[PDB]
Amino acid sequence: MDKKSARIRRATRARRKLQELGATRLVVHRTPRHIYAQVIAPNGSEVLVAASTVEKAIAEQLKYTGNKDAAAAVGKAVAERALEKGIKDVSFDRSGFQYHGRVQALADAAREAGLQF
Amino acid sequence: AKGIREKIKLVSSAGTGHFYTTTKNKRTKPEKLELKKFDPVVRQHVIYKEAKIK
Amino acid sequence: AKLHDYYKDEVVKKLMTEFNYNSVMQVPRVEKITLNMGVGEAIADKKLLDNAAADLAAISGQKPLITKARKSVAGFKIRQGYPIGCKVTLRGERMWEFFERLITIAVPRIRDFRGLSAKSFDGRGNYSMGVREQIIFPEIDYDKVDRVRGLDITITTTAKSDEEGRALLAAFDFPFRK
Amino acid sequence: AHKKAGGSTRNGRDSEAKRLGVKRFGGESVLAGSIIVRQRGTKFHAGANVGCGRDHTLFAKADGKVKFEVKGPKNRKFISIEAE
Amino acid sequence: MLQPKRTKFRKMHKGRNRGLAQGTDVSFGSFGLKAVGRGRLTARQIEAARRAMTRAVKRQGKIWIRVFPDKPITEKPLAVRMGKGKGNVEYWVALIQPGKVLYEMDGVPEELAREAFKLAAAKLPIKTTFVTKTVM
RNA sequence: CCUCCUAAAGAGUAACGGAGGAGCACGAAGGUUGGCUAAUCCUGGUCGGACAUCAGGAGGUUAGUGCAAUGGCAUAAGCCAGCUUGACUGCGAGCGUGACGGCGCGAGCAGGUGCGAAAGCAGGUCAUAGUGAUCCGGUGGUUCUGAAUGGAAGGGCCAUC
RNA sequence: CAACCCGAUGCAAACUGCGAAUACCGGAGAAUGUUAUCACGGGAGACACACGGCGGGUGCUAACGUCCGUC
RNA sequence: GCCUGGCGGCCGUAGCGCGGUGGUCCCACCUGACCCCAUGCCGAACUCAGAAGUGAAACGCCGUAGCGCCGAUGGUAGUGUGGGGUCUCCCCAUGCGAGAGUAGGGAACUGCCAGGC
Ligand SMILES: [Mg+2]
Ligand SMILES: [Mg+2]
Ligand SMILES: [Mg+2]
Ligand SMILES: [Mg+2]
Ligand SMILES: [Mg+2]
Ligand SMILES: [Mg+2]
Ligand SMILES: [Mg+2]
Ligand SMILES: [Mg+2]
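Chains as they are written, first to last, in the authors' numbering: chain BO, 1 to 117; chain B1, 1 to 54; chain BF, 1 to 178; chain BW, 1 to 84; chain BM, 1 to 136.
It cannot be assumed that every hint is accurate.
Going by beta-carbon spacing under 10 angstroms, a handful of chain BO positions derived as facing chain BW [to be verified]:
{"hint": "1", "residue": "15"}
{"hint": "2", "residue": "17"}
{"hint": "3", "residue": "19"}
{"hint": "4", "residue": "21"}
{"hint": "5", "residue": "22"}
{"hint": "6", "residue": "40"}
{"hint": "7", "residue": "42"}
{"hint": "8", "residue": "43"}
{"hint": "9", "residue": "44"}
Beyond 10 angstroms from chain BO on every Cβ pair, some chain BW residues (computed) [unchecked claim]:
{"hint": "10", "residue": "18"}
{"hint": "11", "residue": "19"}
{"hint": "12", "residue": "38"}
{"hint": "13", "residue": "50"}
{"hint": "14", "residue": "70"}
{"hint": "15", "residue": "80"}
{"hint": "16", "residue": "81"}
{"hint": "17", "residue": "82"}
No wet-lab data here; the hints were simulated from the structure.
Beta carbons are placed, not taken as given, at the ideal position from N, Cα and C, and that holds for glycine.
With the hints as constraints, model all of the structure from the sequences given.
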């Protein structure tokens, strides 16, 4: 994780800011309970964003039960559709740590009708 | 250098096309076998078993 | 399963009162053990002693690691590359197993038995066991032993300090001397 | 093949190190910034380091390209003159 | 402290020419021998300076002279000049104007250390700040 | 030929000046993807009585870089494994460095590749030594040429010894 | 009887956790100097330099010594 | 405005040490494991499904100058131009003027967005 260290490949791509610059990312988070996301311009404009679980959406607490490809997917859906603008602009979702399961369902949840790669 | 024991030259070759591509190798180290890809006159890569085939 | 329950059920609360904290989390936990044999053949580590892990394997029930070596040139004729180890660790449920299979079965295997070394706590809590040989944990035809270079094993625990410990181990441990 | 005699009289015939391309020039995809030779990517340099560090080119054309790794790896960002 | 022009343990190079500038020190013990006037101790001098700093009175008192060499020299026999330079065997400590000798013991030292100054390479006053508020 | 000092904080500059290294190695020791971080000491530990694999702790370039020295390295270039052949072919904005021959750096473009879900990375190795111009020829390729013409020999061109 | 770690003191071309002057690099600006600047082309000579100042290798901080730098 | 989460600007007046402190909103540790996925041994890490429990560790806060760090003013060292002694060093007119050390500073400050009152 980050406790024992930060000096790991986990930061290698986060420095997409150089060259790619304009290249925007998704970040995405784990935190057992939620998933988060948010999308900002590289570094030149953190004054941008998307949405995490955003409780209020359909009900009040984002009425959803599960966390598998079920809950994980929608976990992205919001940022995706809400950020319709940015899609063709080619964003990126940054693994953060690993690209499997939870984050996968989150990432691919966007690939459908969004983020043109 | 040109000791018949150490590094030599690998003429190398492709499968039908009459290309070349050269490189170095050895002798005592496992040999009498070789093949990579490399790009020919044109088109695709493939074959290039060079000399010393598996 | 076996023994892990003695913990919450009749082991946590002794510590919750003696030493006296307030969090069933600060209750001294048992991380793992990690066995591992040692002395390898400087030259002979090959056929000789590869059956050395065969034992530690099933003795635990996992897959040994056999480990490697981090020592360069100086006096011992090895060059930082040979196996010469075993390791094998257990933190899982199978950790309590080897526990309920120590205190009960053969902590007392040698004629020179009398209990556990009082003074062997790592300085902050854990304890390094040792002993030299025999199987102590039979599960072999037993007509094949080749005095397979012993056992180390060192139960790791979240014990805060030396003496803070003891009372922890000293709570299932029917073997520990007096 | 004996040309062994220490003497310690022996050169190196050194090259390339120099800090050419000083400051923020008018621009040009010129080298400017080389030190250790090898070099790789770089783009519109920004002068970097660590702790202290971080020179501030500010002026170039559109792709300086130079600095290997002894002096502020890569660079470039959004800096040109007005914007990038 | 001693000199024996004890070599700096061994070799690690042996070149460089010379160049002096300004002194850099105060005191440590009680009595001192300020340098003044640039020069360089033949090192062999420090041995002579000490060998003379104890004749009448026993080795009593803590003599501590504090200047350390590090400075190979080298010379040439009756030969041309292949500009290499044979061994060193000299060792001339660089001494601009520091000042270093200590005679931890209450007494008259002046007439005592000056008894050894003539052995030194050049002139050098005494001065002794038994203590310290000179420099924080 | 390569490294450091001399070399006066941009290059560069000498001496039969002070110290060392090269005339290689590598189907991987390259590429990429994913992942991982020293040395050393302290307390414990059977086969120890200086150092062997284990456990925690102090664990901070004091480690490791294929070979000198300098510079560099955690996003590791240091370490491990999977898959591979970009150690690709054709070009190259613009630069650096040379009396010159020449040498080096290089984004980007075209054709086809490998690795990655993907952004993307790859035109050999962390970089800097590991080298020999020309001529005379040898080998393969091509209707470039071929002395009346058709061939051929021989010549060119490309690849290489 | 001594490496190793704490306090107090030094030393270094091939030490640096600091760091000038300053030379050099590019950008504007006024003034001044019979483009002084650059390119291409005809003709060259010229590659033994010596001394003095400053910074240094050497040599003995010797030499109307010797080898670089700069004026 | 108080607090928490990701993501940056700054990179030691932002760090280390020591002490106190916050809770199921968050976060964490944590419950569990046939798997998708993972161990050259291990669900420790990664992975996945999530009771109950606890802020113990981590983490974030806040206090505290033991250790880092920042640091003037003055003086000194050096040095460009111009001169003058004098042995290789130094002086003076003049312009720049440190490193060390001293008083003191000091327990970071900030922005985008999301969730609790
Ligand atoms: Mg220079
Ligand atoms: Mg200069
Ligand atoms: Mg031991
Ligand atoms: Mg290399
Ligand atoms: Mg000539
Ligand atoms: Mg001449
Ligand atoms: Mg001359
Ligand atoms: Mg002369």
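field: Minimum beta-carbon distance criterion (10 angstroms), residue 21 (chain BO) to chain BW
entry: 6 angstroms, holds
field: 10 angstroms Cβ clearance of residue 81 (chain BW) from chain BO
entry: At roughly 16 angstroms from the nearest Cβ of chain BO, residue 81 (chain BW) sits farther out than 10 angstroms, so the non-interface label holds.
- prompt: Far enough from chain BO: is every CB of that chain over 10 angstroms from the CB of residue 50 (chain BW)?
  reply: Correct as stated: the minimum Cβ-Cβ distance to chain BO is 14 angstroms, above 10 angstroms.
field: Assertion that residue 82 (chain BW) lies farther than 10 angstroms from chain BO (Cβ)
entry: Consistent with the label, residue 82 (chain BW) stays out of reach of chain BO, its closest Cβ about 15 angstroms off (over 10 angstroms).
query: Per the CB criterion, is residue 17 (chain BO) less than 10 angstroms away from chain BW?
result: 8 angstroms, holds
query: Going by Cβ atoms, does residue 19 (chain BW) stay more than 10 angstroms from chain BO at every point?
result: 22 angstroms, holds
task: Taking the shortest Cβ-to-Cβ distance between residue 18 (chain BW) and chain BO, state whether it exceeds 10 angstroms.
output: The claim stands: residue 18 (chain BW) keeps its Cβ more than 10 angstroms from every Cβ of chain BO (closest is about 25 angstroms).
- prompt: For the hint on residue 44 (chain BO), does the least C-beta distance to chain BW fall short of 10 angstroms?
  reply: 5 angstroms, holds
Nearest-CB test (10 angstroms) between chain BO and residue 38 (chain BW): Residue 38 (chain BW) is indeed farther than 10 angstroms from all Cβ atoms of chain BO, at 19 angstroms.
Minimum beta-carbon distance criterion (10 angstroms), residue 40 (chain BO) to chain BW: 15 angstroms, violated
- request: Would you settle whether the hint for residue 43 (chain BO) is holds or violated, based on the nearest Cβ-Cβ distance to chain BW being less than 10 angstroms?
  value: 8 angstroms, holds
query: Minimum Cβ distance from residue 22 (chain BO) to chain BW below 10 angstroms?
result: Holds - the Cβ of residue 22 (chain BO) comes within 10 angstroms of chain BW, reaching about 9 angstroms at its closest.
This entry does not satisfy hint 6, going by the numbered hints stated previously; all others are met.
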